[PDB]
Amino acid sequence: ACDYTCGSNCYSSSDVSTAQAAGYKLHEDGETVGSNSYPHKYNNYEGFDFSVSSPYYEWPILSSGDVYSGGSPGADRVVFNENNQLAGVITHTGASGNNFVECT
């Protein structure tokens, strides 16, 4: 079963813990990867009910299970805060433009 489903991509809690660790280490190093420079700040204008406080940062989670290292980021993201707490799993799949919906 999937712990998180984004569109038709299925992720387990191991997949999310692995992506968050990689994204949080780049935040501590003051580094980014990719043409769109991830991780970067996430603004919660859609109002998802996250139970952890901001600031928030978005980082890609790949359907393949690999950690993101550049190239296409796909449409799914883990959002974590400044204290390395997971806020949620969201995706651009099924939302217009740069908006997001939550994975279920």
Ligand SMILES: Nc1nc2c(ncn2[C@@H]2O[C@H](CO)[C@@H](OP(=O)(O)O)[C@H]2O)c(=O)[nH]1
The other form holds:
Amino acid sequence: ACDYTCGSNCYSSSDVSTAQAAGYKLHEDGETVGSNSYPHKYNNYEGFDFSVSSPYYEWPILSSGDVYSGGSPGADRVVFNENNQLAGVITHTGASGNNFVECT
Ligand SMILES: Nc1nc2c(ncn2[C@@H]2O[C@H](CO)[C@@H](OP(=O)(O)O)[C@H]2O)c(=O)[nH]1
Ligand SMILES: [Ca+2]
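For comparison with the form solved without the named molecule, would you give the structure of this protein in the form deposited with the named molecule bound?
Let's see the whole complex now, leading with the same chain.
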């Protein structure tokens, strides 16, 4: 079973932790990867009711199992905060335009 289901993509908790660790490391060092500069601030315009405090940062999680290193980020993201606490896993899949919906 999937711990997180983003459209057709299936992720386990270990998939999420691995992605999160990479994005947080880059955040701590003040560095970014990709043309869209990840990780970067996630404003939560959608208004998700996260259990942890802001600010939030988004980082791509890939269905390939690889850690993001540039190029197309796909539709899925892991959102973490300043304390490296997982806020949630979100996706563009099943959402209008560039909006997000939570992965179930
Ligand atoms: N939909 C949405 N996009 C956000 C939010 N905060 C920041 N963004 C950025 O706006 C764009 C929406 O897809 C993305 O930028 P990017 O294209 O540079 O990756 C995304 O990172 C937010 O709360 N909601
Ligand atoms: Ca996996």
